[PDB]
Amino acid sequence: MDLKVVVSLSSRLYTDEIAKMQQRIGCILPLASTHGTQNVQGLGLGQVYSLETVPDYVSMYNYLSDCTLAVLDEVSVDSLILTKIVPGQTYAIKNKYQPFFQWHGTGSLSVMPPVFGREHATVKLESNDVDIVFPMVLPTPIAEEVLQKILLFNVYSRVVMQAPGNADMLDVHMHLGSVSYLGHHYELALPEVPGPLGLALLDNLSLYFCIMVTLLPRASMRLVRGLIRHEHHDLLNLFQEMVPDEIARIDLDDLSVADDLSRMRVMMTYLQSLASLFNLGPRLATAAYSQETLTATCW
Amino acid sequence: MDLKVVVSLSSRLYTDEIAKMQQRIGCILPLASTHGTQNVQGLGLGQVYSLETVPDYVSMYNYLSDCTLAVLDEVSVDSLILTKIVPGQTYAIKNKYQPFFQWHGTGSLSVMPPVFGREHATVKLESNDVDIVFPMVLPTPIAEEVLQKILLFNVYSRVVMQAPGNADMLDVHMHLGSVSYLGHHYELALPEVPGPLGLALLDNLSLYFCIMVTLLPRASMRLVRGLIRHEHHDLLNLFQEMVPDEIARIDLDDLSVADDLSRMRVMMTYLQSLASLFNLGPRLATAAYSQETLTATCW
Amino acid sequence: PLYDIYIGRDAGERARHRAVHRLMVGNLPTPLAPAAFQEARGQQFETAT
Amino acid sequence: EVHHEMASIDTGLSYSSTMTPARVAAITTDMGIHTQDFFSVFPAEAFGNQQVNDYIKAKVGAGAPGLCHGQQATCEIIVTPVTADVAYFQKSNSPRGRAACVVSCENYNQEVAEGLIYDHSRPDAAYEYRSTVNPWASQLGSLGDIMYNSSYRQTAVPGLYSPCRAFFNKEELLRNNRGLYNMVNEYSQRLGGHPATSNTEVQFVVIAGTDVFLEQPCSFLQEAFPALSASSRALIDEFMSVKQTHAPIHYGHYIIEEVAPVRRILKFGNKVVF
Amino acid sequence: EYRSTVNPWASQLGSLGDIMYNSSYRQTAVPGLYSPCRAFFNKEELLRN
Amino acid sequence: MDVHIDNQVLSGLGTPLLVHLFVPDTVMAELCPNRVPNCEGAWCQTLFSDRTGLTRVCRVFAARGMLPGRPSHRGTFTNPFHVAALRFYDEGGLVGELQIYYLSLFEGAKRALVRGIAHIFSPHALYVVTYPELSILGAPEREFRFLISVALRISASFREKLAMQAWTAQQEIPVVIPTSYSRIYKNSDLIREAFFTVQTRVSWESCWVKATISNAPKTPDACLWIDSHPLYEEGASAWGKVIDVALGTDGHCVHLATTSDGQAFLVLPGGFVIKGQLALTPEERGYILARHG
Amino acid sequence: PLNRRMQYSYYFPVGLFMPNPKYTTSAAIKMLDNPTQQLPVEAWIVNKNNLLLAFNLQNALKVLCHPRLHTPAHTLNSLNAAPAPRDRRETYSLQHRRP
Amino acid sequence: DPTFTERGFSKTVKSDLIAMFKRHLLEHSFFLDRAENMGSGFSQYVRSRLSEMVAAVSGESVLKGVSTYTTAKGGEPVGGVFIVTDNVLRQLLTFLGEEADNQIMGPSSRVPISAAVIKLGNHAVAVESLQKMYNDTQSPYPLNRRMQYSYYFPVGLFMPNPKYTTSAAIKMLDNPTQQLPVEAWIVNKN
Amino acid sequence: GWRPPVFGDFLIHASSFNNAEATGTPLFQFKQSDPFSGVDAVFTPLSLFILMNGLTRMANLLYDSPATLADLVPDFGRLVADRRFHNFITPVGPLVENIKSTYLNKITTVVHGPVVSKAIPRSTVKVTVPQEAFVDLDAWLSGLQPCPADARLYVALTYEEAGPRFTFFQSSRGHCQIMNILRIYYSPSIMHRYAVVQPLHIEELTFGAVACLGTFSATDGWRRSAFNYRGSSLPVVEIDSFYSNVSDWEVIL
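Chains as they are written, first to last, in the deposited numbering: chain A, 1 to 299; chain B, 1 to 299; chain C, 544 to 592; chain D, 1087 to 1148, 1170 to 1381; chain E, 1235 to 1283; chain F, 1 to 78, 93 to 125, 283 to 305, 330 to 439, 454 to 502; chain G, 396 to 494; chain H, 199 to 307, 364 to 444; chain I, 84 to 136, 150 to 238, 254 to 364.
Simulated from the structure, these hints should not be mistaken for lab results. Note that the Cβ used here is the ideal one computed from N, Cα and C, for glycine as well. The reader is advised that the hints may include incorrect statements.
Residues from chain H that keep clear of chain G, each with C-beta distances beyond 10 Å, as calculated [stated by the list, open to error]:
1. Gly-295
2. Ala-298
3. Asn-389
4. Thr-431
The calculated DSS-like cross-link candidates involving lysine-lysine, where the alpha carbons are at most 25 Å apart (straight line), are [what the hints assert, rightly or not]:
5. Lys-1378/D - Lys-212/H
6. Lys-1378/D - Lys-417/H
7. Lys-1378/D - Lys-443/G
8. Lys-222/I - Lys-149/A
9. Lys-457/G - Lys-1350/D
10. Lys-457/G - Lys-1143/D
11. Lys-425/H - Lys-1374/D
12. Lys-1277/E - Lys-212/H
13. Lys-425/H - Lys-425/G
14. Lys-1145/D - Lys-457/G
15. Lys-417/H - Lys-1277/E
16. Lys-457/G - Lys-1198/D
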């Protein structure tokens, strides 16, 4: 029943840190330990997402899917008092994330790691020399479209770095800068640079999607030719006309025999690891949202 | 709020059987109907998997999904005492299986038919002329790996047919045959003929694959075509300086934001569906584990 | 009843039985339906027609 | 929920309890005619031409709104050559044409019992002089064997009772082979043999048996009892007139007087045969 | 079971015995001279049970 | 009919030209004995003589058809002078090779669009559909003469081994003689009939042909491929039986057993066994590897 | 629970033929039909409520008009899948031989 | 009878109940009139019929403790009342003798009711005849019910051409292959 | 016995919601663009049959005129072009309370949890849908199949040539094969849609979307009540013991 647990800090917090936590009381955290009371390094998402080393996105996804989520309730001078989240119980949320994002009644909350700047997302604790990093929560179709636009932007930016002429950056910015949901207009800045080195958050989802999208038609023609029998579902035949012709023209003899097993197997692994990503990790629903009170009754 | 079922045995079983069944205590098995008193035939999985019939795995997944699963609690000479699974309650669990995989903390578990070994998971009751067939519970990544292997085998055993033996010696037995793990390699049982059921699943896969090949974006193919020749990476190690000429024939048109945005949007709408065409098994979230005891706390 | 089954000689493999249809009622064997049955059936046919 | 558990043990070795049929209260299943249709039993098979199959299905083959007599009895038909003797049908005998008693032969010898059931080089134990009345049913691979053996057909829809299933099933005949004390115990301790249901219209096969009480002796003896059968109105009118002097066999017409363990009062108008 | 009706004019809707003794008539004389077959051929008094 | 557009959207975009052919069940009565199974796995291949040799293997699905308005076509639906061959199987033990020829097809494709044509190899009438989107004598003989040359060499090899062994016999299989006749040492009657039938037996699916085509070293070294054709021509001869003996025991069986190494054994009734040797040039290996595998 | 339900099996024949010497026991019946030629084609059954009923060929056709009568393939399979069949010596007409 | 109704009501059980309605309607109506032909079965049949009637009535009252009327000798209570007519009453007293203490004390406000008593099976049952006082008001006695049951008979049917017979005696000489009936005979009330 | 269900409160304008509606019909909510504090614009399935075009006679007797509804969803003809209308129909659950007001109207439903009222110590209710436009997908394709514990009610919304239509499906087997069996069910209506597919571009290809409303107590079945409105004679399936757990729209084709 009583599931509120306290993390105890090593050193006394400064006043700026106190007011910074009082700004962000009712929000979500990753909780590394199922038992609550243990050292401060667990509750931070800084071990996975740090200032020092460039983070790949799937690491944060695999970390968030596993570890539990907790809601801060109280901040005192030597203590942080947290509430664990278990399904089958109702809780409270305030949207103290920074980028204001409108929460409707009966909407679908999704918890996704932040693509924004680090200073926007985290609090540094100079007193205990640690970092606490807050996972972003955003509505489900908006989060879908956020992933869409940042992924397509990574593809266009990497292409224009490959070949400058083919891609116009103004046509990229005018379309991908704007996000419209239900008459609410939010302008989101894209990642600043891809660079020659490994880029900030993306380039891993992009390459996985790219190897997947190139393997998809080559795998699909092989599968459709392999499938044909009596008892196969009839609609397949109706869709045999639906394929574009040049995709249909491919001969199986070119790609070697064991390489069929290689390309198919690699493509299937990428599909299955890739599909559950777009369901967008941890999910919740909210019964009622209060705009003037900024309070969401969630479960 | 009280989960308890007793199964009344028809005739008494011998001491040799009661010894091994008491060894099997604490393991999952599927039951047919939600009643206090059950017949023994619905208790065993062996009704869906007879010895004489051709092995059909995906239909056993179909059978195991419908059949409410129970945990063996007490083995007595006329009685098998089981508690069941409400989706929203927490109960202890034990692992003692012959193809043995050590479980991880906060790694989700899936239930499968016993693909690996016929005698290893099962115990026959010749006193009552049945067989009790224990299913296989695995951590989710290697479970998805075995699922992909069985589906690709149900394809390629159709594909090889007869004429190339050079297909037969490697394709049928290398990727599809062995499941690797850390310091381990375990065999799979391969059906002599690829039988029924899996082919309707391949039909639905082919439907989604044709609809997805209708909507493919070009810029990602540009990223692949640029990176496979101009640079080298570990993800691209499948692709040498050679490109499939397929992507060259699809690669003639220019790039545009407005088309790729919508193409990506529809692919987002369709990759959400593949999680339910992929999953097929019940999920159990592990919250605690005891390596010394082989007794976890699932959820 | 309807068919007649026989065995051919085996050549290289053991021969399998073969069935040919009797096609008519009178192709029944005389132990199963005798001549008296046939003429009585004929008279009943005549009364019916 | 209140739970209460009891224990029972039998003191003496041999049997100390006996049940007995005393007085018939009612006959629920009528003895009428209702031939079971095989387009319901095998809906999947068909002839060659669609038109001819549609015609044959429409002419003959075609829930019930109400019934006055009671639960209908499913009638199953075995074809039989026309030189079959009357005297085989007047006395208690299996429809196969051969005796089906497995109790007599030696215990646990499947080949010996299957020799008695299914060999025709040696005559049946019912009659030495003939081997079989209808070889279209008795012999392996004959039309009766195809028609009513369980698990050879494999395409029949379950849930439709078959009376000849108890007589033509090789497994259910083979189970009787054991010692007779085992038969006596298993008779009352266990149900089975796939008995038909009670208090429905079309007499399905049983599944539940929740408080449903069957005792079937004919599965043990492997015979069926003959009923009143009359070839014409003349013989049944005379048999209703005079019991003792009636002809069992006329010139070409025959009559079978009912040999049933429940003697039934037969009333026609004002004349009574009992 | 083998036959449908012994007397087809007696049973059927609109048939002769029906038209003789249903409630479908009204031209008929007042309630006096009770009809026996009335009790056999009403719809409503039959469906009362 | 659906098989044509299925091919044109999947295999017709891999192979250039197609001729759509419908085979009556009477033509099917040639290959298959005593069976009418559906013809899904049927593999059609081309084979052209006197220039070069090649086969391309493809399935066109066959289903029985009522769709002809003409009553007569009720039945199954699936450089001229050359061959096409359909290899037909099921899950059971049934393998047949049918040979369709040209100049029935190019003349037949002349205008339910249908026309009747004749078989040359196994003479019956076939029916050709035309969809709205649309040196003679040496040419058949080769598959005959090639194989029959092998038989002659094999038969001559038997003689050489008898020339090894002073021209009598030896018994390699424990079969008791049926009786100790006085009128049995005219068994010269038997061995002559071997050289009668072995030379008059030629088919593509001979036992030694399958012995030539080996998937593995070890299991064919452990396995024997036999065929027994009866004496003097009573009935249908069996080829390609596997041994994963009783043949010597029963009469009417000049048993022939080939190992994958080309070693052969002619077994007579009474268990007399004569060993024979095979000689295959790489041309012959190329031909058998082309067609059989 | 004493009220048991006892389940029996009955059978009755129909369509049978009497051999050539034909005899009558009963002296009461005087039918017009010639005794030699007569043959029974139908049966009469007493119902539970003592209503006379007719069993006839037409009612019997709901089993007599089914493919499981006519096709021999399962009879053939059960006949030849045995170890030893009958001595295979039979040879005459079996297939026509063209001149 | 709870034997027939134990499985609840179903189509077959309702049909068997209707069939037994017909059987008992033909067989055990006017039982006292059929007692004449039985002869030696004078008493036992009437005792079984009345005891079956007493058995049909349920013995359970929901109030569960209602006080009872008693016989003048006391002890065992009064179970039921048979109401009859005068000739029926005299015949029942002839077949069933052994009249007990008539004077039944059971009703309160002790009074000698004079409800003629007979002992049936286990229980004391009073038998009463109220015909006299309804006669003294010249009104018909309401237990003299009138039953209306219908009859039907056919005339003019054809016998099918394979004619048969059973009676050796009759010689109609009508040349029986061509004979047909054109009229019917009814046996009168008298 | 479980925790009390999380109620949701809603203020609808009374002209787009009838007071006469039975207690327990499921309701569906539509999202407005600039103002949504005022009018929630919740729909009932009988209203959805009117906004999409003897059920029709009752749907016209209850709801008269439609242009208020056409004003509430102005872009319906643009949404059916793009297959975006299913992205706005959110499921909310069955009805419990209807506090009567002239201009506004106070709807209280059950978002999640076992369906119940709130005044007395939690009197239960039932959830009702009409038997027409309702297809049991357990009697549609019918050893012995096992008897599961729990049954699921799904919802599908399908854009046929005569516009979009919604269906409710009752099965008990699993979520991973109800999709495949629903493709097998909507196969012939799919066969009637690809007449005029080829001129129209990529976005139209989606055939419908599937959500999972909840899990009602199986091994029982349902009943067949009716509507007691004046002319109604309208048969309606009713189910007890309902536990609402509205899901996401999963795409079918």
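Please write out, lowest number first, the hints stated earlier that are contradicted by the structure. 4, 5, 8, 9, 11, 15, 16
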